[PDB]
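As structure tokens, one chain now follows by itself in the form deposited without its partner chain.
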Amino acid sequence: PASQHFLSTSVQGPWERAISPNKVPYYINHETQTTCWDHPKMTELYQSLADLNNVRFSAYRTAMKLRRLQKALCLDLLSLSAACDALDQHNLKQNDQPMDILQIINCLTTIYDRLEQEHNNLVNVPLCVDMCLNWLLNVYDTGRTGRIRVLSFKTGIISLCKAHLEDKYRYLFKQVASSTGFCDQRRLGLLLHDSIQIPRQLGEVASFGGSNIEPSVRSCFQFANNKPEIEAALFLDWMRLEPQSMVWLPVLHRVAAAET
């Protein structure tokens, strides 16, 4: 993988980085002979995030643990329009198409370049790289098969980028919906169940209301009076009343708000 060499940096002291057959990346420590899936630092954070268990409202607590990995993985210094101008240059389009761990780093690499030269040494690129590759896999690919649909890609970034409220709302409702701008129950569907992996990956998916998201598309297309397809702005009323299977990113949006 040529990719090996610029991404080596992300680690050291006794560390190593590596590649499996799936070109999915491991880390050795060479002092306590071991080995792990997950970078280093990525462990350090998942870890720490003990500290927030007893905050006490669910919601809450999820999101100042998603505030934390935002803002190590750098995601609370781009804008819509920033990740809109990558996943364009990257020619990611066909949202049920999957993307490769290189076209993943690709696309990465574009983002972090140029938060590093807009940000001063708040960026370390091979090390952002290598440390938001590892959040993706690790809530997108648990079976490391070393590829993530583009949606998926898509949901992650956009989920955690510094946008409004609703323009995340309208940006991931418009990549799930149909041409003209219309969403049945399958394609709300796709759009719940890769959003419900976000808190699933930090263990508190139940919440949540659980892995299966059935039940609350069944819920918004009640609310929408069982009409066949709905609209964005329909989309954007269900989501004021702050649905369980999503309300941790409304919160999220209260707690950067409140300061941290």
The other form holds:
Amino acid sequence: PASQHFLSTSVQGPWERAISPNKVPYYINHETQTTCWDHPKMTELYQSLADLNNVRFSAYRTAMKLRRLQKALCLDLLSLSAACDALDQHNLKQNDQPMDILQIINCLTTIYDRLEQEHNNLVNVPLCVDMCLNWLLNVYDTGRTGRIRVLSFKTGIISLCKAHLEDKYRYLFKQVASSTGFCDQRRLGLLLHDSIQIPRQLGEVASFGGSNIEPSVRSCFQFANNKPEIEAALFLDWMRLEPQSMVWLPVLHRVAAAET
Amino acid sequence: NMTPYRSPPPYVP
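Given the form deposited without its partner chain above, what does the protein look like in the form solved in complex with its partner chain?
Full assembly next; the chain just shown is listed first.
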């Protein structure tokens, strides 16, 4: 696959990047004679997250791990505007549709090339692309089928970008709502299900209500007084309560504002 | 679903 020329430089030393016949990247370590789906630098970042296991409040612990991941991916440099420009240019607008590894790589390369021309040596493109691809497949393609839904890719990138919190909420709600701005239970379940994979991938889903988000959908609709559909304003008001399935996001913003 | 986890190709010298 042509992208191998480009991304093979994301690894060095005794590591070697390889492609399974299914098109999925994996990493060979000739020193230890092993193979792993995770990029060695992703593994190193994850091992390090154990130094946050002392943090007492789970929403804060999760936000700090996600903040560290955000910075390792350079997604704290990414505005909502620029993320949308890359999504637009790659025609990623049918949210129920699949994108394979090459479409993920292409869209991430447009994002990271632009960040790189805007920032001085902060962005190693091949490395960023490969590591962000690795995070996105770990969140959304655990069995390495080689595809993820467009809505999933947007949920990951937008949730970790540097936009203001309400802009993220508005954007994300718009991705699941109908063309007239309306969200019913099924559609909200779509967003919460994609969002909850993020803390679930860090092994912290038990502090966010568990991996079944149906109880949170019902809670949102009961909060909306059992109306059949909701609009963006009501969803923002519900998020102001920091529902348990999503509280890691607002806390992430507080972690970032607190500096580190 | 089912086979949410699978190993990568085995090491080959």
